[PDB]
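S.K.: The chain contents come next:
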Amino acid sequence: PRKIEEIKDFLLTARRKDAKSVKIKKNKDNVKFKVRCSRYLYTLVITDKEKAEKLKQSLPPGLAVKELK
Amino acid sequence: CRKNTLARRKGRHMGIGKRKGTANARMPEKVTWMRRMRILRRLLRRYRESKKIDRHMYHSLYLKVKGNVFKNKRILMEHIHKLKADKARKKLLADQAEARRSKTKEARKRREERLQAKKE
Amino acid sequence: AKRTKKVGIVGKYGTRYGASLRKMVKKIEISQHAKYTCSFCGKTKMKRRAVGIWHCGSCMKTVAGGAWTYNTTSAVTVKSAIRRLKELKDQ
Amino acid sequence: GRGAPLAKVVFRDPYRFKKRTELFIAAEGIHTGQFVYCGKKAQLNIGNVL
Amino acid sequence: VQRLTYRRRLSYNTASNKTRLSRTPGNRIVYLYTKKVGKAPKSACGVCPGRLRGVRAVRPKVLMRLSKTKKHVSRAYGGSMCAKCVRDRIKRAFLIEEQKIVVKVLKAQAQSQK
RNA sequence: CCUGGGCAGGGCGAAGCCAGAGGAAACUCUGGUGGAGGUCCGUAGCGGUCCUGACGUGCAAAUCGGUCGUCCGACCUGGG
RNA sequence: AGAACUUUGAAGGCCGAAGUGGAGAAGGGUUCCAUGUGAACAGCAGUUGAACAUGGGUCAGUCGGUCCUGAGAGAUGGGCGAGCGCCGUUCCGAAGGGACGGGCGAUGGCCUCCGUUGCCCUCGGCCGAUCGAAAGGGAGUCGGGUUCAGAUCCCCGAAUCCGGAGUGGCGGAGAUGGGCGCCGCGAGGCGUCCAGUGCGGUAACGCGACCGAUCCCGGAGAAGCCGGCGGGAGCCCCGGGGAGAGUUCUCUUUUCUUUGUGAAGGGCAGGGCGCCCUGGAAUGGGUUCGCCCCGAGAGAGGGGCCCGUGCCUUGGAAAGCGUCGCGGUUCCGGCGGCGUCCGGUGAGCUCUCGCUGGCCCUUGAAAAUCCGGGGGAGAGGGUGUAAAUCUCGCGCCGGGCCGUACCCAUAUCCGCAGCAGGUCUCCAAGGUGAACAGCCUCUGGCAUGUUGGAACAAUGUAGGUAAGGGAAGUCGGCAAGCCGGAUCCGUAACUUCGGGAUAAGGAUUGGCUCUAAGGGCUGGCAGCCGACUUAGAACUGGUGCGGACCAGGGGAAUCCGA
Ligand SMILES: [Mg+2]
Ligand SMILES: [Mg+2]
Ligand SMILES: [Mg+2]
Ligand SMILES: [Mg+2]
Ligand SMILES: [Mg+2]
Ligand SMILES: [Mg+2]
Ligand SMILES: [Mg+2]
Ligand SMILES: [Mg+2]
Ligand SMILES: [Mg+2]
Ligand SMILES: [Mg+2]
Ligand SMILES: [Mg+2]
Ligand SMILES: [Mg+2]
Ligand SMILES: [Mg+2]
Ligand SMILES: [Mg+2]
Ligand SMILES: [Mg+2]
Ligand SMILES: [Mg+2]
Ligand SMILES: [Mg+2]
Ligand SMILES: [Mg+2]
Ligand SMILES: [Mg+2]
Ligand SMILES: [Mg+2]
Ligand SMILES: [Mg+2]
Ligand SMILES: [Mg+2]
Ligand SMILES: [Mg+2]
Ligand SMILES: [Mg+2]
Ligand SMILES: [Mg+2]
Ligand SMILES: [Mg+2]
Ligand SMILES: [Mg+2]
Ligand SMILES: [Mg+2]
Ligand SMILES: [Mg+2]
Ligand SMILES: [Mg+2]
Ligand SMILES: [Mg+2]
Ligand SMILES: [Mg+2]
Ligand SMILES: [Mg+2]
Ligand SMILES: [Mg+2]
Ligand SMILES: [Mg+2]
Ligand SMILES: [Mg+2]
Ligand SMILES: [Mg+2]
Ligand SMILES: [Mg+2]
Ligand SMILES: [Mg+2]
Ligand SMILES: [Mg+2]
Ligand SMILES: [Mg+2]
Ligand SMILES: [Mg+2]
Ligand SMILES: [Mg+2]
Ligand SMILES: [Mg+2]
Ligand SMILES: [Mg+2]
Ligand SMILES: [Mg+2]
Ligand SMILES: [Mg+2]
Ligand SMILES: [Mg+2]
Ligand SMILES: [Zn+2]
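Going down the list, the sequences are from chains Ak, AR, Ap, AA and Ag.
FYI, the numbering for the first sequence is 2 to 70, going by the entry's author numbering.
FYI, the numbering for the second sequence is 63 to 182, going by the entry's author numbering.
FYI, the numbering for the third sequence is 2 to 92, going by the entry's author numbering.
FYI, the numbering for the fourth sequence is 53 to 102, going by the entry's author numbering.
FYI, the numbering for the fifth sequence is 2 to 115, going by the entry's author numbering.
Misleading hints may appear alongside valid ones.
Claimed, not checked - The calculated PhoX-like cross-link candidates involving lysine-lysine, where the alpha carbons are at most 25 Å apart (straight line), are:
1. Ap:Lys62 x Ag:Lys43
2. Ap:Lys27 x Ap:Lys7
3. AR:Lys181 x AR:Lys171
4. AA:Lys92 x Ap:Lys90
Unchecked claim - Some chain Ap residues close to chain AA (C-beta under 8 Å, calculated; not the full set):
5. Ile29
6. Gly53
7. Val64
8. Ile83
Hints listed in this document are in silico derivations from the structure and should not be mistaken for laboratory results.
Even for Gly, the Cβ is constructed at its ideal location relative to N, Cα and C.
Required output: the full structure, derived from the provided sequences and hints.
M.R.: In structure tokens:
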């Protein structure tokens, strides 16, 4: 898998087609966002819950989102 | 096992009769020489790189440690102290003799200047 | 400390195969194990390769020498005769 | 199986652009990099076949 | 204390069965298989030995994966000479060609004087 | 012949190297380092000296128990 | 129905990591698993089995065969032979059916634009068809879970390789600059010309890509054995915490198990360099365990590259494990809480990586595949418009065939058999100990090896003693027994001067207290932290001390063979 550092590159990946799975995993100190586009797994890890909430708001609506527990 | 190992660490149960292998089998002569001479050769590096020994006595004591002369760190450090004191005494006597010769040559050149001023 | 007084390098063979044969193998084992002065790089790094082949350490210039020494006396005589017949009356 | 050394002398083909490699018996005193000449009018030195 | 087992049916400790041992996330010492080591390319026929610097030392079937940056050096004679050969062959070619020009013009002076 | 695999620990301490002492020189002496070998004790492995032991219609149409020889090699061994 | 033998509980033992354990190659072919029977078989028996009957079980791009050659085997040309046939593998052969490109012609698709077919020219040693390894070479899958039987194959999740692209799938390179004149306050616009098949570092070399055809060169594939030494992992050891369990007659902050991060990408340790720049040594200097290195450039300073199997990070805690509790007859890889932590050390063992050396009339394999370089034939749009190409990031499609169970053995192989025989390998714990020796324990297996019970006669087979003599027995010291380890003394005849030699002959060895010595890390001589060795002294035990185990009798000679 790959680790996207910036937020704009991850949201460009989310805008990019042929991506069929987004997994949001809350953790004890941060939160991880998972895109399974095709044969790779792209992860945006971020430690700000407000930025996670606004990224969930700005997430494109034509795509499935699964929250892990 | 822990009680027996603590007794071995204190130095018990390790006499003459409870040795069933040779001394070179128990503690190897090559390993003893490696530990001994690596310590006696990096103490000279810690002296040379910091302050103590110069460039020229370092190689002499290096070869003298490679030869079986210096048994351990204490007598190595004492022999370095003896050579440092002897070198300090020799350079003190050399500085005194050089100061005497330098004042003599300076006085001779100034007296040559005095005779040249008296001639012209 | 000099340990062996007569056998020299042949003490690895110990007690076997005769005093005269060990004496005759002594000089040529010294000859095959001695480092020779390289005529090209000027160093003493002529290490023995396989038989007939000598190999200097620096500058990697492999030379075809004798089987046990660097120059056979017969080979030096041949080289002197070849240069003499070379400069003798222009072939 | 041979106590004599083998020498690997590379030549140049005057007819086609290709460096041909042959296997000579190493004469005494040759060294790697020596220009081993070969032919009829080659000058008499150690290594030169004539 | 956990004795471990082969995973293929290669029971003999050959060169292709050159292995190592790692630890699974399920807390079990597993016996993993290691690709054999790849040596870097060396120079061309005569210089002091030593592998050429700046080449990803892999297997030649991994050289299909490797791109045209981690296989050569941007110098002329890049992935073939160790650049000591380059700085010697440039000077050697230059000096021998200049000496051939000197011999040719000396023979031309011999033609003019004879 | 080709292609692979394997051999616990110790003992003896060759060449080379270092330091010190002697000598005019040749060189010699002492203390270390070094790890050589179709080298020694000895295990696995490989063979089988002796008890002419045990069996001897036996476990076996040649095996077993001690005692053994060798174990870096002229070593043992699989497959083609 | 029936128990010395089947199963379970418990106790006592053996195998004791060079196994009576966990898995394979050859071989066996259903023996693997479940259910039922016990007349056959298992040398007694069975309610049992590898027996019998019924029914199941082996899932692969990334494990191997398949590809390649090795020693060798082999057909054509050719020769021989009455003849089936034999010799030979480059020899006595017209032994390539391929191709960069150009021209000419024709067909076909959306005949613009491309894709095909034929002819001609040009170019092109094969070291000669072909076979030959389930251990050689050979790209790429790993983590968890699942069954009565499968496991890198099946499910989930995470990756990689190899082929494919014609109307050439999308981005990014190639790609976008300079000069002149005009308009305009400038920003900018217009017209002409020219460049542009990438850049940076002095370097060793680096990046997101970097036009390359016949041809040539090179590297990898592609290397023996034995020493040393250093780094890394795993296992072991110690100190502390956390969870559960054991003992508590008395003591013991005690004892035992566990305390995790795969492949893949990035970053950073660590190791290495025969890689570069500055610079020039002698009063020679730098380093190794040993060496070795230096004017063909040492020390010193600064760089560059390679392996990075180690740590962190996405994977990755949501799974896994420990422990406690709660729901569903059951079906749910259920549901919830807590943890899954800080360090130190090593003549430690195994594996692996790297440096260096020794040995040689021993030089320790080929081929398939793949890459780089030299050449510049050729191709490309010619401009405010964009190509010829891409070994860059993505996206799409496919990976066919065969094997996959089990034993791998004192019971699934061979030996006529459930035969003390034989058969090739990987993994290896704790203590004593030099040791993978011998002995005892742990994980993991087992019922003592095709029978049980009672008594302990002769003879026997293995084992141990025996007062006094010590080889008087016997063909012969046959067998058995003595010395046996380690430390410190001392070692002869002879000799090829290497040996003989552990020659021979003596002393000590236990337990408990001490003493001394052998190191590292921090500072402008002081303080903290741990390793196991040696030597000496005192005290004490019934002269006992290698306390079991481990384990050389020795000397003088002769013959023969080094
Ligand atoms: Mg030694
Ligand atoms: Mg293979
Ligand atoms: Mg021997
Ligand atoms: Mg002897
Ligand atoms: Mg034996
Ligand atoms: Mg036999
Ligand atoms: Mg026997
Ligand atoms: Mg008998
Ligand atoms: Mg009988
Ligand atoms: Mg024996
Ligand atoms: Mg022996
Ligand atoms: Mg027991
Ligand atoms: Mg076994
Ligand atoms: Mg039944
Ligand atoms: Mg029966
Ligand atoms: Mg069965
Ligand atoms: Mg049946
Ligand atoms: Mg799959
Ligand atoms: Mg395969
Ligand atoms: Mg034939
Ligand atoms: Mg014919
Ligand atoms: Mg084949
Ligand atoms: Mg199975
Ligand atoms: Mg699994
Ligand atoms: Mg591809
Ligand atoms: Mg090591
Ligand atoms: Mg380590
Ligand atoms: Mg990794
Ligand atoms: Mg299987
Ligand atoms: Mg049997
Ligand atoms: Mg039979
Ligand atoms: Mg057997
Ligand atoms: Mg142990
Ligand atoms: Mg111990
Ligand atoms: Mg082992
Ligand atoms: Mg049996
Ligand atoms: Mg029996
Ligand atoms: Mg019974
Ligand atoms: Mg008696
Ligand atoms: Mg008596
Ligand atoms: Mg007597
Ligand atoms: Mg008598
Ligand atoms: Mg008699
Ligand atoms: Mg006897
Ligand atoms: Mg007795
Ligand atoms: Mg004797
Ligand atoms: Mg003996
Ligand atoms: Mg004999
Ligand atoms: Zn040289």
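S.K.: Against chain AA, with CB atoms and a cut of 8 Å, does the hint on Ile29 (chain Ap) hold up?
M.R.: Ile29 (chain Ap) check fails; min Cβ-Cβ to chain AA is 14 Å, beyond 8 Å.
S.K.: Holds or violated: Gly53 (chain Ap) as interface residue toward chain AA, Cβ cutoff 8 Å?
M.R.: holds, 4 Å
S.K.: Could you check if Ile83 (chain Ap) really has its C-beta closer than 8 Å to a C-beta on chain AA?
M.R.: holds, 6 Å
S.K.: For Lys181 (chain AR) and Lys171 (chain AR), compute the direct alpha-carbon distance and say whether it is at most 25 Å.
M.R.: This hinted pair holds, its Cα atoms lying about 15 Å apart.
S.K.: Given the hinted pair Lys27 (chain Ap) and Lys7 (chain Ap), is their Cα-Cα distance within 25 Å?
M.R.: holds, 10 Å
S.K.: Starting from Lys62 (chain Ap), check that the Cα of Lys43 (chain Ag) is at most 25 Å away, please.
M.R.: holds, 17 Å
S.K.: Just to be careful: measuring from the Cβ of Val64 (chain Ap) to every Cβ in chain AA, is the smallest value less than 8 Å?
M.R.: Holds. Min distance 4 Å.
S.K.: Can you confirm whether the C-alpha distance between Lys92 (chain AA) and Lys90 (chain Ap) stays at or below 25 Å?
M.R.: holds, 18 Å
Hint violations for this structure: number 5 only, all remaining hints satisfied.
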